[PDB]
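What follows is one chain in structure tokens, specifically the form deposited in one PDB entry.
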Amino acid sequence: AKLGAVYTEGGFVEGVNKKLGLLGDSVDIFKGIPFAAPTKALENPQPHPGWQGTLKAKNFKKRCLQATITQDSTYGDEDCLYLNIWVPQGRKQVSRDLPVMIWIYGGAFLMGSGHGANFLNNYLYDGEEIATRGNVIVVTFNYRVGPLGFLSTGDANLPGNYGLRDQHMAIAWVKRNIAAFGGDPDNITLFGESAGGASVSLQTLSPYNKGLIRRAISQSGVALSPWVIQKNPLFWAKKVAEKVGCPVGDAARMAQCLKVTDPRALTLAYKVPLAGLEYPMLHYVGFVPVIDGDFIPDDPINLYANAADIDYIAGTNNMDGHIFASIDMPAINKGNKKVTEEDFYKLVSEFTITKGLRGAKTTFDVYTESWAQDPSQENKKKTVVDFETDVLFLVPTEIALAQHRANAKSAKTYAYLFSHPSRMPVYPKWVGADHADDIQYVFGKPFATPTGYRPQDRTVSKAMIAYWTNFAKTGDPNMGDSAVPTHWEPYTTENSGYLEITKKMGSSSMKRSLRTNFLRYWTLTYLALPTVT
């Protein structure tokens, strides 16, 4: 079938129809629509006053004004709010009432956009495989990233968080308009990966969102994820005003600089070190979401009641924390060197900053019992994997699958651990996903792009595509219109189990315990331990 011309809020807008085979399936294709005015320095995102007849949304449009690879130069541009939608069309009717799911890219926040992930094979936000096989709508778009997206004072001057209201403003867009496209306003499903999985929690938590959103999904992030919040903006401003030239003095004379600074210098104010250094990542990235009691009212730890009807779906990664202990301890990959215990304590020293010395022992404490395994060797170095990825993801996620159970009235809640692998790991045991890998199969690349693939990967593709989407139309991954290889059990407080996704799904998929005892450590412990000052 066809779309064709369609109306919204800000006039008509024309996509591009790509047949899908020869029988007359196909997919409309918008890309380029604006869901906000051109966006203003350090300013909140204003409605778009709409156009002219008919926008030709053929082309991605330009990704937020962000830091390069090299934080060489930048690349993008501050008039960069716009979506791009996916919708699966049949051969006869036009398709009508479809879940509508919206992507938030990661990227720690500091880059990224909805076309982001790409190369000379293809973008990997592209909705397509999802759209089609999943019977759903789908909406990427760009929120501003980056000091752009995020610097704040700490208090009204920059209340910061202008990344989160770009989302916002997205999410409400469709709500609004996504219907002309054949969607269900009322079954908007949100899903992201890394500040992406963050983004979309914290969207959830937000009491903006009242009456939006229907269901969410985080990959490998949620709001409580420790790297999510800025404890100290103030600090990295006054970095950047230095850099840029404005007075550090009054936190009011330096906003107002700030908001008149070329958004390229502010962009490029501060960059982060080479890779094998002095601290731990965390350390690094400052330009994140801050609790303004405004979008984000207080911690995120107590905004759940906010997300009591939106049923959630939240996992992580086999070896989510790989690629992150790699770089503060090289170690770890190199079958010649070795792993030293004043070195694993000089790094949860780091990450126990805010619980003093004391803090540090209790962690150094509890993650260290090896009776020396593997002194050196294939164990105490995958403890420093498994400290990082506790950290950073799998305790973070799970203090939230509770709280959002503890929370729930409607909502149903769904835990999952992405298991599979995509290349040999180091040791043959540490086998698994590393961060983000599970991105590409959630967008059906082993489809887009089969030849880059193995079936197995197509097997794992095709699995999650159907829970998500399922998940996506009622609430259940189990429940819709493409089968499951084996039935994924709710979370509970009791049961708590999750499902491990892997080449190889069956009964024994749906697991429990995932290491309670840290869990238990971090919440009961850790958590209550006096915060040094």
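Residue numbers count along the first chain shown, from 1. We call the rigid core the largest set of C-alpha positions that still match within 1.5 Å between the two forms. First, how it differs from the form deposited in another entry.
After superposition on the rigid core, the C-alpha displacement between the two forms reaches 2 Å or more for just one residue among 361, 271, 264, 454, namely 361. Once both forms are fitted on their core, a CA shift of 2 Å or more is seen for residue 376 between the two forms. Once both forms are fitted on their core, the CA shift for residue 513 between the two forms remains under 2 Å.
For residue 17, a C-alpha deviation below 2 angstroms is recorded between the two forms after rigid-core alignment.
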Given for the second form:
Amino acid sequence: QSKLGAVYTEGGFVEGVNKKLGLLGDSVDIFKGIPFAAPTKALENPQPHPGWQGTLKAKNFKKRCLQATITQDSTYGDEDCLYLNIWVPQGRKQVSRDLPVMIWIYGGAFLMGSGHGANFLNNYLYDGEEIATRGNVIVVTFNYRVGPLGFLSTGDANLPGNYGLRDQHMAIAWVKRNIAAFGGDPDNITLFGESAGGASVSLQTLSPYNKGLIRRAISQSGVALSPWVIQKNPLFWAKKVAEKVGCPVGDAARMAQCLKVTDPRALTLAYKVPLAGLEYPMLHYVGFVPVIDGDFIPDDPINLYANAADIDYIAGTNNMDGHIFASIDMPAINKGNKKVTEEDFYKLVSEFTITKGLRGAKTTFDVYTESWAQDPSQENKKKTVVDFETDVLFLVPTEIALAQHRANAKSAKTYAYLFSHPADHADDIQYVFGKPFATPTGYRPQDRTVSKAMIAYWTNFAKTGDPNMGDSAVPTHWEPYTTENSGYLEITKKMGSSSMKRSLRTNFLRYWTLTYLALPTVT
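For comparison with the form deposited in one PDB entry, please write out the form deposited in another entry.
Just this one chain is shown here; partners and other molecules are left out.
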């Protein structure tokens, strides 16, 4: 009477595990490996999963979708991968009902990842237990297809792409139809995700496929407007794969059907992004990502924000999000005894501004190195390289998305954040998921303070659309974003009234959205 037991879903009964928590009667019901769609076919849209007889034992994580290992030498996962996982918190007197529902979408550059995440200190990163029990919400995680098997496309109807986005949508629709049986409120679904997952969250809110399914959304370090998200030239990348696996490249239809019957492991390993050295910035080699298909993504995402008019929305970034691509594009920023020079940075800037030619390279170099005259230290120069990559890859897209969502808002609220700290220790995911509480030996008291506050804001928002209002106290009043106030919450170790800030790097946002765009395109 205080836990779920066998749950009747549309496919049949499902049995999970009840984990007792604390000493006074709380617990958590955990379901792992519930199928939400059929075994996948290579480069075909997902399909309903047939029902089952008896009681499905949802006791273990299932296989991730077929993908390259990080050494890009081999593969793991399986074509039968579309499974989801659920954490339902339980109090000590009665079974939970009408709980808010948060669906996590993992990142991994659309190339790798799974619903459980990396394992460290005997804990999966996306283990939803700490969010669910501390915020009194239901947490869902799930697998979607990645890499060529998730995103290969010819840019036309022969191979329209976006298979992995359709997988995500199928998981969302399943939760909407079924989660009330677990104690969830299906009218109150919040998506959240990071990096490619944050851009996926954003894409899901913009797609007409999700009309009436999504109540709220959180984009962490990634939005549909980031430059690494939409592949403008998919036929080029599909031809690359066709040549390495021996398919003809003359006719799009013939090539498409050849790829569909190619060993999916050969498809997955067809292309390896070089590690070093590269002729172009890292951004150039993001290949198999979403496309504008005129269907799931009917138009350029910038034109789609009417679809999110009643979806409350949080979006934010990490202060040094770009350090990942910056280290690859300029390895000197990590080597303490190697210099970054004006010539190195010009070269990097010029590669990002090719469409505006020499003038575009100069105006950008000039604005980012303005501070170098008074502070020529390597510390200031290397920080500048990171800030540049953060701005173009994360911050500027995110600010444009916030502005677009606010301008199209009807009932929707809009919120902005900057996460500042001090895998790497600076990253948001581990604090959002409560890792400092689940594996506390690896973390210090200040880490639990930050994670406690992030889970409070996130789960208050899931409950009410107001990060300040819900089951948890918060340290700083988080003011909704408007064009006039342009406010963001700076999330740090010690928060108070001055944590609510405004006008994040506005001179740089204005440069990219006004000055740079006013330059003539060269050819």
